Amino acid sequence: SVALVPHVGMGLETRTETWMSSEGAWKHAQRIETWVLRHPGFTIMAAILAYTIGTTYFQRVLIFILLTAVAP
Amino acid sequence: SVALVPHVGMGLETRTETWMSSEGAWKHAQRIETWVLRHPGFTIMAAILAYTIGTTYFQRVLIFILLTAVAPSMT
Amino acid sequence: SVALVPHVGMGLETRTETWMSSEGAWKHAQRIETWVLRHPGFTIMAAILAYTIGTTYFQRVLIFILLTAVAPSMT
Amino acid sequence: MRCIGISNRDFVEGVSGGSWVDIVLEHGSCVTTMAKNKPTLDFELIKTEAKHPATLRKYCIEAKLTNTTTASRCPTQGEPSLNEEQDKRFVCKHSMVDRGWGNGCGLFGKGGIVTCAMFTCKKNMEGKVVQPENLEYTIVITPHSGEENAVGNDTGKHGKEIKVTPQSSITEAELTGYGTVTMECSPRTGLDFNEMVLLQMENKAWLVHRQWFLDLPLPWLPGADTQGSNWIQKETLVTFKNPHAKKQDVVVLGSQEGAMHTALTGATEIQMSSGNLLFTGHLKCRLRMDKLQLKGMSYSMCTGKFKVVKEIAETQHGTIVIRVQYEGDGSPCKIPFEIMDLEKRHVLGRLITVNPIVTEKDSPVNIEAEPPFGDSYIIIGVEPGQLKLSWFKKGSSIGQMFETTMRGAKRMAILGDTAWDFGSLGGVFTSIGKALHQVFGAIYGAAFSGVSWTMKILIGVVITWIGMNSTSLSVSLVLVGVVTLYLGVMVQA
Amino acid sequence: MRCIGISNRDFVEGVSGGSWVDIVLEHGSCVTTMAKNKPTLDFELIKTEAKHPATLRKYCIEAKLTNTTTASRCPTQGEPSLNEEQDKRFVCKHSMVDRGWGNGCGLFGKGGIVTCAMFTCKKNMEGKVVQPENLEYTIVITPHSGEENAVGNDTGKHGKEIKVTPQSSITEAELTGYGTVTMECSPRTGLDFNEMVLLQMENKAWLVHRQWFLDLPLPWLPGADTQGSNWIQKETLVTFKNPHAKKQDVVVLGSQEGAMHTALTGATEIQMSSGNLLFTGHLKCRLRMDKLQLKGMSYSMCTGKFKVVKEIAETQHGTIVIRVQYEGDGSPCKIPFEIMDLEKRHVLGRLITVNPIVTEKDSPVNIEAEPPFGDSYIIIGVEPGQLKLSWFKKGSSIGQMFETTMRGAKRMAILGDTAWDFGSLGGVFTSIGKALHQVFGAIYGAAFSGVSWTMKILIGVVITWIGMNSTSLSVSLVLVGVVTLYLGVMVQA
Amino acid sequence: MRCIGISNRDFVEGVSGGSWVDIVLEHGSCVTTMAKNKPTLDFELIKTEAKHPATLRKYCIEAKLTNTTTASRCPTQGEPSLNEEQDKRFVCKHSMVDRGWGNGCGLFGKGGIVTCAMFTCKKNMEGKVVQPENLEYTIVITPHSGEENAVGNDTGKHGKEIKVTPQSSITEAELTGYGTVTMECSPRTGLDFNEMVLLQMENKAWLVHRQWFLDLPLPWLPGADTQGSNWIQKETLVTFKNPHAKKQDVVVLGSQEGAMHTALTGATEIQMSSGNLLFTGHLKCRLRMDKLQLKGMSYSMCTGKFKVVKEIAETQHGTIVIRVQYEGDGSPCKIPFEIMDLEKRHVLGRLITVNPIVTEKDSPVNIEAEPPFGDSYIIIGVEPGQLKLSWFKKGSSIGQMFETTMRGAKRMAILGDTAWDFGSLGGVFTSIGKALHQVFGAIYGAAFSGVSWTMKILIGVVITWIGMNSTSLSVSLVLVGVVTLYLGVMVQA
Ligand SMILES: *[C@@H]1O[C@H](CO)[C@@H](O)[C@H](O)[C@H]1NC(C)=O
Ligand SMILES: *[C@@H]1O[C@H](CO)[C@@H](O)[C@H](O)[C@H]1NC(C)=O
Ligand SMILES: *[C@@H]1O[C@H](CO)[C@@H](O)[C@H](O)[C@H]1NC(C)=O
Ligand SMILES: *[C@@H]1O[C@H](CO)[C@@H](O)[C@H](O)[C@H]1NC(C)=O
Ligand SMILES: *[C@@H]1O[C@H](CO)[C@@H](O)[C@H](O)[C@H]1NC(C)=O
Ligand SMILES: *[C@@H]1O[C@H](CO)[C@@H](O)[C@H](O)[C@H]1NC(C)=O
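Chain order of the listed sequences is E, R, X, G, A and P.
Everything in the first sequence is counted per full-length UniProt numbering, starting at 206 for the first residue and increasing by one.
Everything in the second sequence is counted per full-length UniProt numbering, starting at 206 for the first residue and increasing by one.
Everything in the third sequence is counted per full-length UniProt numbering, starting at 206 for the first residue and increasing by one.
Here the fourth sequence stands for residues 281 to 750, 753 to 775, numbered as in full-length UniProt numbering.
Here the fifth sequence stands for residues 281 to 750, 753 to 775, numbered as in full-length UniProt numbering.
Here the sixth sequence stands for residues 281 to 750, 753 to 775, numbered as in full-length UniProt numbering.
Treat the hints as calculated values from the structure; they're not laboratory data.
There may be inaccurate statements among the hints.
BS3-like mimics (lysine-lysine), calculated; alpha carbons at most 25 angstroms apart, straight line [to be verified]:
(1) G:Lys-373 - G:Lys-571
(2) A:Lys-368 - E:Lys-232
(3) P:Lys-668 - G:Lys-571
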């Protein structure tokens with residue numbers, strides 16, 4: 206789908222409002238939220254894995270966030 | 206978009222071939238590979254950050270793969 | 206209710222007497238007073254908890270006063 | 281002479297090199313201004329009119345429900361649908377009810393139910409906003425003319441009414457016999473009407489904080505709305521009951537008018553019935569005495585006798601008023617009037633009604649004066665028949681100093697940093713006090729916005745206790763706590 | 281013989297003491313059942329039908345905006361109002377635009393603007409739900425009759441068709457010459473249709489997860505709706521634009537049909553045009569063979585000569601089909617048939633077409649048999665005139681056991697716990713294996729729900745690595763990661 | 281006076297020694313320039329036009345399939361071939377299908393199957409490219425003439441429009457009464473149209489990155505293609521289905537218009553219906569004021585009375601505008617206008633409309649001025665009848681320095697290193713600053729290309745955290763960290 210390769214991060218943005226800017230700002234943050242609420246099992250498995258792999262708490266939280274963001 | 210929430214991982218899969226089984230198989234990995242081939246400078250930075258954050262080589266490679274995968278998906 | 210959000214503390218007060226200034230003056234004090242007399246059990250539990258949470262009698266008295274004031278207000 | 285009798289009265293004395301003095305006129309207060317060779321004047325802000333108000337928002341305080349409809353849906357089959365859900369006039373709620381074979385459903389479980397009713401406002405309240413350039417302040421300027429029916433007379437045409445607007449800094453009034461009074465006032469800094477709403481319920485009106493008004497949990501329409509029916513947050517005025525998961529009913533809540541009267545507690549009531557009339561707030565004004573002259577200075581002193589027709593009476597501020605009638609010839613003439621000791625050696629008190637004159641023989645004259653504390657004698661006329669009237673003033677300079685310090689502290693509580701302009705001649709210790717007050721006032725206003733007086737008292741005691749148990755920090759916090767406690771004691775809510 | 285030619289073919293051998301066996305019939309698959317002295321039978325689930333679907337929700341995928349109106353409001357004077365905001369057929373939005381003298385506004389600043397357009401669906405898709413009691417499965421039961429046109433023949437009336445509905449646990453079929461086959465199937469435990477939606481878009485249809493369907497970001501109507509115009513979350517299909525805070529516009533988004541196809545990626549396409557027909561999923565059945573009988577069990581042996589009329593052909597599962605014709609006398613008779621070693625000493629191969637018979641002399645007979653690996657002799661008829669046919673079978677028993685292990689693993693990857701029912705004779709180890717699969721599968725399903733196959737591969741590598749660097755935990759994590767890795771390679775998406 | 285009312289209004293003060301100033305004009309923004317002896321000019325870039333566009337490629341967004349044709353082979357015979365596999369009008373795919381005796385085959389096994397279908401685009405989107413040389417920028421220059429209808433007026437002919445092309449990029453505008461202004465613009469350095477595509481879908485258009493446009497996963501034709509029979513990558517818009525390895529079919533995917541709208545998220549919409557009009561992007565220009573002159577500078581000051589015909593109004597940038605009308609004689613004359621304290625001792629604010637004049641007695645004059653923070657008095661005319669208008673300005677100088685800092689930060693975010701040109705007078709610090717920003721802009725603009733704002737926030741926090749944990755390297759990474767966190771908060775996508 207073309208929808209999976211949006212026109213984001215292209216360095217053509219001006220002060221002019223872009224096409225679906227207000228909509229598409231949080232759509233990925235709302236999508237991940239809907240998914241975590243629908244699939245807590247993975248988020249629980251993602252926490253245990255992020256705890257085990259990461260040594261420091263920064264690594265753990267970073268691995269957890271990345272895992273949770275890749276999964277949906 | 207609905208295309209952002211595809212019917213993958215729902216537990217309804219039978220032995221029958223699903224709707225776009227061929228395309229829904231390697232599209233994401235091809236999208237990641239096309240993205241890295243268009244943005245090598247982020248991949249260098251993600252590699253640099255993974256190496257810095259990870260204390261072990263397993264963590265670093267895991268942080269690198271996730272950062273590289275996350276970035277074209279977060280768009 | 207709107208009655209829960211009075212126009213109090215808004216920084217528009219003049220020397221002119223406000224709408225229910227005499228009325229509104231001691232309503233909250235009289236309201237807390239009646240509540241302690243109708244619910245003395247909670248005030249004891251508040252006193253016990255205040256003595257336990259606070260290390261100094263200033264901490265203990267403050268926690269008791271705040272806990273006694275919050276109880277008929279969260280209602 | 282219109283100030284004489286007002287408890288909230290202030291005596292401003294002296295002008296600057298430029299012959300001006302800053303004053304703050306409050307509603308319900310009054311200022312008497314004095315200067316060495318100038319007539320005494322009385323100033324009262326008597327009316328603040330807001331003109332051309334725009335409706336910011338209407339709020340429904342009493343509604344009714346009609347046309348109640350409901351629709352159910354079998355379990356697992358989704359949501360029920362009512363056509364009324366499309367019309368926003370209708371308030372609607374989705375709930376769940378037990379469905380089964382007895383309810384005409386083929387499945388058992390929670391099925392969706394929707395109830396809708398037509399919402400109609402019966403009574404609403406409107407909040408109007410005015411622009412600061414559409415304010416008109418009315419000030420009455422009353423000279424101490426000594427006129428027979430002038431003392432405390434607010435129902436007569438004794439003074440000159442002037443209209444202060446933002447359309448002109450300089451307001452000028454002709455005082456017949458006293459030249460011209462010039463006032464440059466500050467109408468754009470009396471109240472911040474860009475932050476205020478003129479709230480009109482049934483027959484009453486209040487001046488309310490705009491953000492408080494915009495947070496009122498009631499159904500509303502925009503001030504732009506003309507249809508009167510597309511009410512926002514209608515569910516604030518209705519309840520849906522599904523008590524036993526059998527049936528969903530909707531009922532309207534009662535009139536919130538009394539509940540709104542409770543919400544308006546710390547607000548100041550105004551008049552919006554026949555024009556937006558405000559009798560609250562203050563106006564800062566610079567008074568220019570350049571063109572003020574005493575009246576009747578070219579008269580000779582009166583020679584005949586005077587008789588007291590209204591006995592000496594003390595005001596609440598330690599001045600005295602007396603009404604005398606001239607019995608002699610030569611009117612118009614100047615009344616001989618001094619306040620002396622028993623030996624008539626030392627002059628002890630000054631005139632408030634400076635240069636009192638008889639304009640007509642049969643017209644008695646009211647004279648205000650400030651006697652010293654203790655024994656004084658009011659010498660009226662000359663011999664023969666000179667009146668000599670003993671007066672005793674209770675109190676002392678120490679008690680008057682403390683009462684002055686409490687009146688000034690009370691003025692700072694009400695006016696904030698604007699109090700520094702009240703009798704200001706322009707000193708640098710008034711400029712520094714005002715700028716420092718603006719700084720501590722902004723930090724205090726941000727820290728205590730929204731809290732009641734009992735919370736100010738609590739925090740004041742807590743801050744004082746912190747300071748008391750802390753040397754430099756101890757004094758700086760005990761002081762903040764004491765001022766916080768004073769302001770918690772003085773604030774009306 | 282209908283199974284012969286299908287690559288997804290299973291052989292279920294033997295029944296329980298009660299002469300039953302459990303089978304799971306999948307769409308696109310086929311099961312061949314064999315038991316001692318019972319006829320061989322072929323079972324195919326060829327049709328699943330859903331009847332009487334209720335509409336759960338319509339989604340708009342292509343809309344049209346008309347009647348675009350806009351209204352403004354000067355700054356500080358609140359919200360603009362359009363009459364259309366009361367109608368929910370209108371999608372509206374409040375934004376801010378710059379205002380000033382050039383815009384007919386006495387004030388400068390951000391003023392409120394509202395744009396409303398009427399939303400109208402052009403194309404929608406419907407989600408339908410069906411009750412499990414309204415399912416009907418069609419099974420075709422074809423015996424191994426050896427009939428000339430029966431090998432892999434899915435068109436003719438060689439097999440018996442039976443309907444499996446929840447309205448009767450027992451389905452019986454009279455197979456002419458074979459007695460009666462009794463099947464007790466589980467039409468409620470195939471696809472869980474209470475968790476599923478039959479999604480019909482333009483001319484295609486998909487079986488989808490019900491909760492996924494209820495989370496689709498499109499404008500929707502409840503299935504109960506009749507007006508067709510009160511769309512929920514129309515904003516998902518429109519976009520308002522305020523490019524420079526000068527003017528607000530609204531435009532409908534394009535048709536989302538193509539995006540829905542991308543969304544439908546991992547779902548199974550079904551038919552909904554003329555009847556709700558599903559050709560996916562499985563049916564667990566208990567096959568009862570007690571009333572089955574070998575056809576021509578009471579025939580004497582053929583003594584005449586046979587001729588091969590279609591040369592031996594190997595199927596994908598290592599069996600061989602040959603067609604022969606009897607030339608002798610005494611029809612109907614039983615064909616002598618044996619697979620022997622090269623010495624003609626041991627019988628090495630089992631028949632699949634058990635008790636092959638000649639019914640009419642000039643009607644050739646198809647005989648499926650399973651030879652051993654290596655060389656063997658297919659012996660047909662008696663001497664003299666016996667046919668001695670050489671056959672080599674590539675492979676080995678070791679390779680077959682590995683391929684049986686993978687088919688078993690793949691059946692578990694698809695059926696889950698139901699895979700333990702597949703050739704089940706009610707044994708105690710199979711009920712234990714099923715129960716442990718149900719608890720491990722429930723836990724595994726909660727932890728990997730929603731993730732794609734690439735994520736399962738990543739997680740499998742991660743978990744296997746945490747076990748390889750770990753203890754009993756080291757064999758647990760390596761087992762869990764390896765099964766996870768295998769399931770990521772096996773799952774379609 | 282056109283700039284008055286725009287929220288994206290910038291004030292550039294001061295010319296260089298060469299009497300020039302560098303400005304950047306953004307669509308939707310506007311620049312007000314003023315130097316000591318020069319008239320105040322408003323500059324707005326109101327139109328970018330791209331001329332003579334060439335189609336780069338057409339992408340197909342909606343196709344139909346026709347003429348489906350299949351060919352099969354028996355197993356072991358390799359892949360079948362259709363004639364249509366060499367016809368580029370057809371999309372084809374090879375699969376495997378079970379064969380056997382029931383399928384007309386002598387062997388059993390996977391036979392090759394090929395399905396082809398003719399591809400016909402129904403709807404396409406066109407991506408055009410413009411050469412940088414065919415750009416035409418329109419700039420309107422409005423002097424602060426005080427003319428009555430000019431405040432925020434864009435629907436009039438108050439200003440002079442200049443056209444700027446890469447060929448004639450230096451042009452002069454004769455401002456009637458105000459001399460001549462020269463603009464030396466650099467239209468090749470604002471937007472790089474060699475890297476951009478003017479993407480036209482059905483009735484909407486977007487400016488999009490060229491490499492992203494060529495990476496679109498849709499069927500495409502080269503721009504020269506006129507027949508539509510050679511669509512590249514038709515497989516992106518179709519799917520072949522072989523559900524049960526039994527039969528292959530091909531279906532066209534649905535319309536991709538709504539998926540393309542999603543794909544166009546962070547792109548800027550343009551207009552490609554009445555010519556290729558862009559209302560986005562910027563133009564960097566060198567403004568030459570050498571031949572500028574203040575109008576009516578030889579006039580004497582007005583001595584008559586003025587009246588306010590439109591009340592003082594504050595703009596969003598802390599300036600005020602007022603419309604006065606002259607009532608005296610001696611037109612044309614200079615308007616006496618000052619912003620002073622209450623005693624008129626100090627001059628507190630300045631004019632924006634420098635040298636305000638009365639051209640005709642009855643034509644009102646608009647005057648913009650910048651008052652100080654707090655109280656100030658707008659003094660208009662000379663006594664007798666002198667206008668004295670109180671004005672209060674909320675805010676402070678400290679908060680203004682924060683707003684100016686944020687407005688500069690946001691400009692660097694939008695314009696990158698071009699922001700160093702915005703009010704440049706050609707200093708060494710500006711050149712050094714711009715050169716460093718070009719280098720850090722290259723290292724940053726490569727590391728963050730293709731990344732969303734959330735990924736910028738995450739990386740910004742990660743980078744900041746590494747800096748807070750490891753002093754030379756620590757301050758560097760916290761700076762990169764906090765600049766990355768700022769750019770993630772500021773970017774639109
Ligand atoms: C409401 O009910 C009245 C009858 O009481 C009926 O006449 C009217 O048409 C109804 N209106 C709506 C909008 O249903
Ligand atoms: C107030 O002045 C008016 C005007 O002369 C007079 O009629 C009235 O009696 C006076 N009232 C008092 C109380 O002096
Ligand atoms: C929409 O526009 C059409 C065009 O004439 C008009 O007939 C119709 O009444 C409009 N609809 C509404 C709800 O105003
Ligand atoms: C399938 O069986 C039917 C029924 O007799 C027959 O007509 C047809 O020829 C058979 N087809 C094949 C391929 O054997
Ligand atoms: C497609 O089918 C139509 C109708 O049968 C036919 O006229 C046309 O020639 C076909 N085109 C091709 C390329 O086969
Ligand atoms: C803008 O200028 C034109 C030209 O004179 C005038 O007709 C129009 O009324 C002006 N508009 C405003 C809003 O001042």
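So, going through the hints one by one against the coordinates:
no.: 1; hint: G:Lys-373 - G:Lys-571; in the structure: violated (72 angstroms)
no.: 2; hint: A:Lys-368 - E:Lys-232; in the structure: holds (24 angstroms)
no.: 3; hint: P:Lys-668 - G:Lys-571; in the structure: holds (19 angstroms)
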